[PDB]
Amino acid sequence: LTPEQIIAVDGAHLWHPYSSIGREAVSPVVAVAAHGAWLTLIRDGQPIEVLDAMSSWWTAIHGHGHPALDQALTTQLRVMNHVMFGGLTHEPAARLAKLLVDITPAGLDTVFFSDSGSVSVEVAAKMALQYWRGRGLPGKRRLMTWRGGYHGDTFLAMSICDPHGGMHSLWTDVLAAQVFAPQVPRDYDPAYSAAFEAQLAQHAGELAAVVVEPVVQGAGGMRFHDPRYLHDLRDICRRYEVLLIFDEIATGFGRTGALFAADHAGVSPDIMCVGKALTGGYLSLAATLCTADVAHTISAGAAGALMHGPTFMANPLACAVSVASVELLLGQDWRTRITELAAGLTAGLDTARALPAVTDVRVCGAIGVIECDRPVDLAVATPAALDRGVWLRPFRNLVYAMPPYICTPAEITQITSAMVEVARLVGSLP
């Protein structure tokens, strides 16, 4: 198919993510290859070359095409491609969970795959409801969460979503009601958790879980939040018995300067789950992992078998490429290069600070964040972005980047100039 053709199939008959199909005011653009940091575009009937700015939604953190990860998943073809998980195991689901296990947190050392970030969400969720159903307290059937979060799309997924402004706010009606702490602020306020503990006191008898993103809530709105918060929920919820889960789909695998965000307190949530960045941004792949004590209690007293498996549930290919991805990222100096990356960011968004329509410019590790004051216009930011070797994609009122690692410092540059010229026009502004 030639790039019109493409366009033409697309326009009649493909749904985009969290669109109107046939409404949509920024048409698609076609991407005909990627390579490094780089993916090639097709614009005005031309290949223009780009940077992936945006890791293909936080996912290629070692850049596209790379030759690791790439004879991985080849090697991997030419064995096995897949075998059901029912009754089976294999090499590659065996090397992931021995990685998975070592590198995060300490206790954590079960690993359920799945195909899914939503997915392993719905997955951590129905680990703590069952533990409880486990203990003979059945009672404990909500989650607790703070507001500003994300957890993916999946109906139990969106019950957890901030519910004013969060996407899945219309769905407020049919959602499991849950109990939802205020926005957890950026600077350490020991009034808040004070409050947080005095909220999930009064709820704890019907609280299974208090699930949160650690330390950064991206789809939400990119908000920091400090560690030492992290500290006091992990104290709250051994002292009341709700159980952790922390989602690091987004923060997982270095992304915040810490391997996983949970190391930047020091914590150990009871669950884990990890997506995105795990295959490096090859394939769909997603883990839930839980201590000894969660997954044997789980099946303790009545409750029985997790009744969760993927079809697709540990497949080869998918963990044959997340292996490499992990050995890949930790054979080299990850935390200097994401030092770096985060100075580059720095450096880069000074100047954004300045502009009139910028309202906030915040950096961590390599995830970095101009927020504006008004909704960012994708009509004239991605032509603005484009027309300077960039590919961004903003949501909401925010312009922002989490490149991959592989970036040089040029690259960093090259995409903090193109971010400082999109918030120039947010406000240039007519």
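For the two forms, the rigid core is made up of the largest set of C-alpha atoms that agree within 1.5 Å on superposition. Residue numbers count along the first chain shown, from 1. What changes on going to the form deposited in another entry:
- Looking at 301, 266, 205, 107 after a core superposition between the two forms, you find that only 301 has a C-alpha shift of 2 Å or more.
- In a rigid-core overlay of the protein, residue 169 has its C-alpha displaced by at least 2 Å between the two forms.
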Given for the second form:
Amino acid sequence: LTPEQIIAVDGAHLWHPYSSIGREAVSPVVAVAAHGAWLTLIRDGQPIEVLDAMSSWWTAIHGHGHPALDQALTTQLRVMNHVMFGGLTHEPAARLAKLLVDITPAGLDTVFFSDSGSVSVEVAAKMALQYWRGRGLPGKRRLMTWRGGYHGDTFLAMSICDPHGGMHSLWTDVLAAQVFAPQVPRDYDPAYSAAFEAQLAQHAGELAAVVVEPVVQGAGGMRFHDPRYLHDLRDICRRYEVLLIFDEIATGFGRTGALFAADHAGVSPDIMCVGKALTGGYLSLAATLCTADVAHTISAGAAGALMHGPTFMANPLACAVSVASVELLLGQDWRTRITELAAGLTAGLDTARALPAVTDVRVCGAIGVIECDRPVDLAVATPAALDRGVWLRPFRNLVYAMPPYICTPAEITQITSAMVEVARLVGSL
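For comparison with the form deposited in one PDB entry, please write out the form deposited in another entry.
No partner chains or extra molecules come along with it, only the chain itself.
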């Protein structure tokens, strides 16, 4: 298919994330290749190479078409594409489970594989609910979180997303009614944690779990909070006998400057979700880990099992690429790499603070954000960035990037320069 043919098929037949059919302000851009940190996009009938500043929605941590990951896929393909995980096991699942147990926060001893982040969050909730039913406390069935969060698009996951950003006004009488604490602040304030505890105290008998994104909240607003809050959550959850669940689907595998964001606080949750960067951005895969105590309590309960089982559970191909991606990350000095990335983002974004439409500039690991004083028009921002050799996709009032770890210092500065130019244009209306 030619690019124009693709565009025609697309406009008539393809849904995109959070999109319409037939009412799109702008056509999507045709992508025809991806290699390293670079996408090849069709612009005015001509191929152009631009930097993947979004890492293709947090996934492409090693860049596209990495030789080690390509080879891991084709090597596995030669022996076994897939087998059903009911009654069978295999080397890629065992290797990946062993790795994940080893590198995640202490005490996370069992691994449930699934095919997406949203599913992994629903598995986490199911573990928490079956846990308390295994303890004879089925009343413990609600979830508590703070505002500003995002946990996926399936209906349970939706119920703990930020009610405003998640448009819960459209889902009246449909979603489970969960417990929301106020937005967690950037700076540490003991009064916030005290109020969180006072609120949780009133609901402890009906709460299965607290579910949060640690340190960085992604889709709900690219907000950062002090890791000390996670220490307080762990303490509150321990004392009130409420499970703690960390959703690390966006924060995992080095992205915030620690291997997992929980590590910024030294905290172990009872249950943890990972996903977006798990395969290095090749294939859909997610995992939900839980403690031995949670696993044993479920297994001794009435069902005698965790009542969940995806068709493609522990897919050999996805597991094999994931093993290679995790090993590639661990086999290099990733902490220095991310520290350098963060320094590049900080240095490159500093000039934005003085722009008239910019309210905040913030960086956390390989994440850089310009917060503007008005919603960003994509019809202006996307081509403006493409004109500067960069693929950027703003959301709401945010111009942000989460670049591949393999970006050179020069590439990071090209990304930040495009971000600054987009912000400058926002202030030009």
